[PDB]
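As structure tokens, one chain now follows by itself in the form deposited without 2'-deoxyguanosine-5'-triphosphate (DGT).
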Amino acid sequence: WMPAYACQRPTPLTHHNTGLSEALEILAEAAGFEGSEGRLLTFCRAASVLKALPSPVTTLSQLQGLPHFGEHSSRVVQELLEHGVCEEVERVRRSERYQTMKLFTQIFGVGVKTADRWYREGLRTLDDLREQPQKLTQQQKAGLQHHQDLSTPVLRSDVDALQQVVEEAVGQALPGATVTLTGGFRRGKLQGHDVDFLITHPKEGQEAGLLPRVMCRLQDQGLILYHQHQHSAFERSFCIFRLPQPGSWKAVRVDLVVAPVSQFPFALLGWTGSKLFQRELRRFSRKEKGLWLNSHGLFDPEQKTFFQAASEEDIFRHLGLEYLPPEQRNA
């Protein structure tokens, strides 16, 4: 069988329906470009269902009984099985609207609304945006200047170098503080487009005011190309690191998050992803268990109490779910 929520099933990084899931995610992405979050979500879910399957889908009948597969998603798979291509998907791929929206939304500091506005104004290329720099935010300027690097896959080797750099600065800012690699790379990805770190300290309260000290020490080593700090919500910094390369360097998006150790398991769970996994997990928590989950804790609205967690295993237990290791959360 196949449970309805992605958090109820192991989803490996690599699977047996790559072509089909990729096609459905094109439509998901396109739906988001047109402001259709509901449709995006369904296409994302349907694609994730195929990721969780134990073998390739070869016939349309194998879609029977599968959640989030209705008339539209089944037709897409049906055409792919029969012709090798889905005309709607190909029509989307080739369209100027999709290509331009995809180009713009990949820019750091540019979301759908902004990308949509720029498109309606007649803008189509990166150079179009560069010709009118006066109307760009500092965040967008940085994303535009470093677009080529940020669009280049980050390798696991790169991540390890970045971690030792972060751990060095963190170690000086607060002795005893720890750094944990999260996000996609914790889920076993061999390459990605950004890096996420979670920072904490074994003694509750000592992690307070840590990130400004960390950022200052990183800035002193000339490693920060862009910095956006958010105060404690955990204290967070969305950065662009200068990562040393053979004879040169490249820009990499790095997120630093500091959480008190008491909330660390919730922060780790939220920041490990995947994005769809977390959305599904929180949807499951609220609608099936009547509990409110976020990156900070798990709230029982009936008893008005927060669940204490010492580990991710605790959280899955609280929600009555079988534990899933990070590399099985690739929904």
The other form holds:
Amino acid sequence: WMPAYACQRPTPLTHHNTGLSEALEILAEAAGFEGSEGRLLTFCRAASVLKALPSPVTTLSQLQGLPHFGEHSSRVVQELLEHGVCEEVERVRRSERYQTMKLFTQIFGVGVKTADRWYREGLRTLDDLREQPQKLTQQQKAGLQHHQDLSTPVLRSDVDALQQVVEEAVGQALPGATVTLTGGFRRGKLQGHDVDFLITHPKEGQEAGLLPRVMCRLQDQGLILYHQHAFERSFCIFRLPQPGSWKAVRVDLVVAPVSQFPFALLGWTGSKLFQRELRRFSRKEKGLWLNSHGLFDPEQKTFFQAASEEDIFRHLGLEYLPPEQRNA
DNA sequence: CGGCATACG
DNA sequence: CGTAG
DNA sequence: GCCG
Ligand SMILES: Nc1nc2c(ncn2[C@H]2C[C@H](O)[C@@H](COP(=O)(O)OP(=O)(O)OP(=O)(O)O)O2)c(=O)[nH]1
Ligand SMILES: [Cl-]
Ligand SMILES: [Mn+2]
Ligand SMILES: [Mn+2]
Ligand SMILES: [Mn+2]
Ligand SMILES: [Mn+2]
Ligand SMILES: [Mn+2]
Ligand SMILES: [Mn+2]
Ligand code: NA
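Switch over from the form deposited without 2'-deoxyguanosine-5'-triphosphate (DGT) to the form deposited with 2'-deoxyguanosine-5'-triphosphate (DGT) bound, please.
Now the complete complex, all chains and molecules, led by this one.
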């Protein structure tokens, strides 16, 4: 039929059930704002099943046998098919709680727990936060100052410009190091809200200490509007040129040794749901523990060597999916 | 019923 | 607590 | 919320 794990099926970026999947994703997001990770996962998984179907769902009949469709998710789809709207979804959409939690958690440096505390304190707007700046972290101050630019979609044209700049700094920091585009743009997205890069070097060990050297060089070139500072992940805000001005862009930089590069490439290419499902599959179906550093057999107490993403899918007994089919 | 990814800053 | 896919 |  339809397999139960998202890593077992191709999921393209564009598909035939966009409206249905978007509605279920609203309910998933709302569940996350209420701390119900289980409900969030079911609604995310149900949405992803629809993304993987070969044609539009027209009749409730067509949901029979699909994994992750039970009474609740089927009723949502039934209302959308019959009336074009689901009352529960529309109620969530217009709710003050949903709109405020969405606004607050979109802030770089603000998670669900912080947003919820602010909501309970009575805060509702960005200007509310700006009027009490002593309660903010430096990271949150940065996220709030740059929030407007960070709400503007990053375009593929923007990505090519950023990659050349990152390569320049990486080349001075360590000749021979390479820069690979990851995240949503590697999956074929035409827009995004950040750019993700993975950096390595072909000689194992030479990447040790690389990211501080890369960051200092970017910072000396005036391109870093914010970053946290030894480390291997950097979540920063870049200054990106624009016609007669510039805009702030979120950029994630990650370093891995070449021995781990296939695992890090897999992990950082996503999607987020794809990776959660793949790690769940590995552990629950194969008894293997997967992360962005490796794949561990806890019985033999050994790590799998991988030279490619293809190797990792083979180790796990899964058909290979290119990045553009990992859009779970 | 228990489980729900798995890390680093 | 934040961040990431 | 759903699966096994
Ligand atoms: N400031 C701001 N942030 C936004 C807005 N819309 C979304 N975001 C943030 C919230 C999320 O953390 C993030 C989602 O970005 P993307 O959809 O590009 O996904 P992400 O990069 O998380 O994953 P991906 O690399 O595609 O697998 O963007 C907005 O209007 N303003
Ligand atoms: Cl839950
Ligand atoms: Mn229900
Ligand atoms: Mn009706
Ligand atoms: Mn991204
Ligand atoms: Mn990112
Ligand atoms: Mn590491
Ligand atoms: Mn994200
Ligand atoms: Na946030």
